[PDB]
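All chains, full assembly: derive it from the sequences and hints.
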Amino acid sequence: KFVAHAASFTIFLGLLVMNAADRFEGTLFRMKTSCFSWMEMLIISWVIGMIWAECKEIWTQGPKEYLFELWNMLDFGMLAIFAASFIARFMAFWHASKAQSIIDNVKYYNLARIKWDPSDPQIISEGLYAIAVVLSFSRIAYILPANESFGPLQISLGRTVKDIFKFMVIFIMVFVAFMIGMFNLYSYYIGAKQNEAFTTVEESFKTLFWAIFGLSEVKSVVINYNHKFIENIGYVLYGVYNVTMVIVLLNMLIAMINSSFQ
Amino acid sequence: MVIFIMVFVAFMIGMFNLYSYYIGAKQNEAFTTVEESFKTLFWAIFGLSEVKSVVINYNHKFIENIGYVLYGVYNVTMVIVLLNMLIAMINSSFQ
Ligand SMILES: CC(C)CCC[C@@H](C)[C@H]1CC[C@H]2[C@@H]3CC=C4C[C@@H](OC(=O)CCC(=O)O)CC[C@]4(C)[C@H]3CC[C@]12C
Ligand SMILES: CC(C)CCC[C@@H](C)[C@H]1CC[C@H]2[C@@H]3CC=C4C[C@@H](OC(=O)CCC(=O)O)CC[C@]4(C)[C@H]3CC[C@]12C
Ligand SMILES: CC(C)CCC[C@@H](C)[C@H]1CC[C@H]2[C@@H]3CC=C4C[C@@H](OC(=O)CCC(=O)O)CC[C@]4(C)[C@H]3CC[C@]12C
Ligand SMILES: CC(C)CCC[C@@H](C)[C@H]1CC[C@H]2[C@@H]3CC=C4C[C@@H](OC(=O)CCC(=O)O)CC[C@]4(C)[C@H]3CC[C@]12C
Ligand SMILES: CC(C)CCC[C@@H](C)[C@H]1CC[C@H]2[C@@H]3CC=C4C[C@@H](OC(=O)CCC(=O)O)CC[C@]4(C)[C@H]3CC[C@]12C
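From first to last, the protein sequence lines are chains A and D. If you use the authors' numbering, the first sequence corresponds to residues 442 to 468, 483 to 558, 574 to 732, in order. Residue numbering for the second sequence follows the authors' numbering, beginning at 638 and increasing consecutively.
Just so you know, these hints were derived from the structure itself, not from any lab. For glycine and all other residues, C-beta sits at the position ideal for the given N, C-alpha and C. Each hint should be verified, as a subset may be incorrect.
Derived pair list, reagent style DSBU-like, types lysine-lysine, alpha-carbon separation capped at 35 Å [what the hints assert, rightly or not]: (1) A:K676 <-> A:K632; (2) D:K676 <-> A:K698; (3) A:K698 <-> A:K676; (4) D:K689 <-> D:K676; (5) A:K577 <-> D:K676; (6) A:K632 <-> D:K698; (7) A:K689 <-> D:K689; (8) D:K689 <-> A:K636; (9) A:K442 <-> D:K698; (10) A:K585 <-> D:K676; (11) A:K636 <-> A:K689; (12) A:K577 <-> D:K698; (13) A:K519 <-> D:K676; (14) A:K553 <-> D:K689; (15) A:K487 <-> D:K676; (16) A:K487 <-> D:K689; (17) D:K676 <-> A:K632; (18) A:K487 <-> A:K553; (19) A:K585 <-> D:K689; (20) A:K636 <-> A:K519; (21) A:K698 <-> D:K689; (22) A:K585 <-> A:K553; (23) A:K636 <-> D:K698; (24) A:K676 <-> A:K585; (25) D:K676 <-> A:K636; (26) A:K553 <-> D:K676; (27) D:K689 <-> A:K676; (28) A:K577 <-> D:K689; (29) A:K698 <-> D:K698; (30) D:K698 <-> A:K487; (31) D:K698 <-> A:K689.
Have a look at the derived ranges for each label pair, beta carbon to beta carbon [what the hints assert, rightly or not]: (32) A:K577 <-> D:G684: 45 to 53 Å; (33) A:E520 <-> D:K689: 42 to 50 Å; (34) D:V639 <-> A:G455: 14 to 22 Å.
What follows is the structure, given as structure tokens:
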């Protein structure tokens, strides 16, 4: 049974890889794009089987017992997104089906990708399907514990994640502190800055998050105007943010080393 | 490296599926092909991959925001996996 279910999982991973095999090396009009290929048909069948397997699991285990395990929520989420992607794809298929059946209203579905609506179901389908594929690769956690060399690594990895989640409370508090502070400083200079950063709350969150991995430049503090007082305030707050973050990350690293030895 | 490979391949296929259609739309070729997606994610380990590899020129901000989340989740997952490797290797030296 373990080999049969592990072999089924490896086929589903193989289908996901080979689904985009046409564009591995490189890449009405919307009628062609909407249709499902034979690879897509198998993937839909696998997802339906996974949903039914989850339904039987929730039926016998009970809603309370099933919901208590947090990893089952992750496995339920990836199947919901996979169903979400395919229904959005079908909506784009049916809308193009009406347009082709007619042959103005039909004008939209002849357009190329550059002119698509931002909320096109085709766009939503591809965005969700990318998330589902990433999440579907996380079902290896049901097969890794069997192996005697990979099982200990998963157990050790789970302990690391739980410890990091403990320190995320302090990390969040410092993150939100500077995110609001930096946003209040640069909200007025929306068009003055060299690059949009700390201008909006979403943009301030994005800049400070990527600053953790050193992927945010220092020029996000610079302003084009002559107001060097506010720019110097930004340099201090951004500099204090990095010092505080490396201190918090250093404290987390040392405390996790202790936890391993204790 | 077994766990590291599994996480690497997970995002490599996921990011490629997201950005395969916007081959010419993106500011720089990254996550466009499987080879290009592998190259971008590998160099992201050493902080040598920019964040603008997620940005698209088109108005489709839904897919761009999906790319920001997946790329951000990838870095968090990688630093977690690298942190777990570092701590476990320190233990192995002392044991
Ligand atoms: C806690 C988990 C386990 C619940 C189940 C998974 C959800 C997180 C999934 C299931 C259905 C998904 C939704 C299905 C369809 C949509 C509509 C879609 O609408 C838009 O495109 C927003 C408009 C725009 O594009 O700007 C936004 C994503 C969303 C909410 C998806 C977000 C993720 C959802 C809620
Ligand atoms: C365990 C499983 C069975 C639960 C899965 C729940 C989904 C099947 C439901 C929940 C929310 C629904 C979604 C709510 C919003 C949308 C957005 C919609 O796209 C649009 O926003 C329309 C835009 C336009 O018409 O211009 C496509 C259908 C979809 C994904 C719906 C498809 C069906 C969804 C994903
Ligand atoms: C195909 C690409 C995109 C992903 C690369 C890894 C995958 C092929 C996945 C899918 C199936 C998985 C395999 C399914 C079968 C097995 C055998 C299994 O054997 C055991 O350790 C059990 C030993 C015992 O039975 O006592 C270990 C996990 C493993 C290697 C799994 C490892 C991860 C695999 C190879
Ligand atoms: C006791 C501590 C923990 C709380 C109080 C902190 C202050 C002592 C420090 C922290 C940040 C410092 C400020 C950061 C940078 C500036 C900008 C500076 O203005 C300029 O750079 C001049 C610009 C120009 O020349 O055009 C005036 C001092 C001030 C407010 C500093 C004054 C002293 C401050 C408020
Ligand atoms: C239970 C967990 C482990 C699995 C389910 C994960 C979801 C709860 C999260 C993960 C990534 C999230 C998505 C990442 C970012 C977006 C893009 C967002 O679309 C926009 O950014 C709007 C763009 C615009 O305004 O034009 C819609 C919500 C959504 C799908 C998020 C919905 C909630 C998601 C699916």
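Here is what the structure says about each hint:
1. Only pairs whose Cα atoms come within 35 Å are accepted, and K676 (chain A) paired with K632 (chain A) is accepted, the gap being roughly 25 Å.
2. Simply put, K676 (chain D) and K698 (chain A) have alpha-carbon atoms about 40 Å apart, too far for the 35 Å limit, and the pair is violated.
3. Of the supplied pair hints, the one linking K698 (chain A) and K676 (chain A) holds, its CA atoms being roughly 24 Å apart against a limit of 35 Å.
4. Distance check on the hinted pair: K689 (chain D) and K676 (chain D) sit about 15 Å apart at the alpha-carbon level, within 35 Å; holds.
5. Of the supplied pair hints, the one linking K577 (chain A) and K676 (chain D) is violated, its CA atoms being roughly 40 Å apart against a limit of 35 Å.
6. Restraint check for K632 (chain A) and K698 (chain D): the C-alpha separation of about 33 Å stays at or below 35 Å, so the hint holds.
7. For the suggested pair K689 (chain A) and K689 (chain D), the alpha carbons sit about 15 Å apart, so the restraint of at most 35 Å is met.
8. Distance check on the hinted pair: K689 (chain D) and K636 (chain A) sit about 31 Å apart at the alpha-carbon level, within 35 Å; holds.
9. Proximity of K442 (chain A) to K698 (chain D) is assessed by CA-CA distance (about 44 Å); at most 35 Å being required, the pair is judged violated.
10. With a C-alpha separation of about 30 Å, the suggested pairing of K585 (chain A) with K676 (chain D) holds against the 35 Å cut-off.
11. Of the pairs offered as hints, the one joining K636 (chain A) and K689 (chain A) holds, with about 33 Å between alpha carbons and a cut-off of 35 Å not exceeded.
12. Taking the CA atoms of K577 (chain A) and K698 (chain D), the gap is about 23 Å. The hint holds against a cut of 35 Å.
13. This hinted pair does not check out: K519 (chain A) and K676 (chain D) have alpha carbons roughly 44 Å apart, beyond 35 Å.
14. Straight-line distance between C-alpha atoms of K553 (chain A) and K689 (chain D) comes to about 38 Å, which puts the hinted pair past the 35 Å bound.
15. Restraint check: the Cα-Cα separation between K487 (chain A) and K676 (chain D) comes to about 31 Å, which is no more than 35 Å; the hinted pair holds.
16. With a C-alpha separation of about 31 Å, the suggested pair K487 (chain A) and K689 (chain D) falls inside the 35 Å cut-off, and the hint holds.
17. For the proposed pair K676 (chain D) and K632 (chain A), the alpha carbon gap of about 31 Å is at most 35 Å, so the pair holds.
18. Between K487 (chain A) and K553 (chain A), the direct Cα distance comes to roughly 14 Å. Compliance with the 35 Å bound is thereby established for this hinted pair.
19. At roughly 22 Å between alpha-carbon atoms, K585 (chain A) and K689 (chain D) fall within 35 Å of each other, so this suggested pair holds.
20. A C-alpha spacing of about 25 Å is found between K636 (chain A) and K519 (chain A), which places the hinted pair at or below 35 Å, so the restraint holds.
21. Our distance criterion of 35 Å between C-alpha atoms is met by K698 (chain A) and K689 (chain D), whose separation comes to about 28 Å.
22. For the hint pairing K585 (chain A) with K553 (chain A), the CA-to-CA distance comes to about 19 Å; that is within 35 Å, so the pair holds.
23. Straight-line distance between C-alpha atoms of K636 (chain A) and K698 (chain D) comes to about 33 Å, which keeps the hinted pair within the 35 Å bound.
24. Distance check on the hinted pair: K676 (chain A) and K585 (chain A) sit about 27 Å apart at the alpha-carbon level, within 35 Å; holds.
25. At roughly 33 Å between alpha-carbon atoms, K676 (chain D) and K636 (chain A) fall within 35 Å of each other, so this suggested pair holds.
26. A C-alpha spacing of about 42 Å is found between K553 (chain A) and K676 (chain D), which places the hinted pair above 35 Å, so the restraint is violated.
27. A hinted pair counts as satisfied when its Cα atoms are at most 35 Å apart, and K689 (chain D) with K676 (chain A) qualifies at roughly 12 Å.
28. Proposed proximity of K577 (chain A) and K689 (chain D) is supported: the alpha carbons are some 34 Å apart, at most 35 Å.
29. Pair hint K698 (chain A) plus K698 (chain D) holds up; C-alpha atoms about 33 Å apart against a cutoff of 35 Å.
30. About 24 Å separates the Cα atoms of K698 (chain D) and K487 (chain A), which keeps this hinted pair within 35 Å; it holds.
31. Proposed proximity of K698 (chain D) and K689 (chain A) is supported: the alpha carbons are some 24 Å apart, at most 35 Å.
32. Between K577 (chain A) and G684 (chain D) the C-beta distance comes to about 47 Å, which sits within the given range of 45 to 53 Å.
33. About 46 Å separates the C-beta atoms of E520 (chain A) and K689 (chain D), a value consistent with the hinted range of 42 to 50 Å.
34. In this structure the hint that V639 (chain D) and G455 (chain A) lie 14 to 22 Å apart at CB holds, the actual value being about 19 Å.
The structure shown violates the earlier hints numbered 2, 5, 9, 13, 14, 26.
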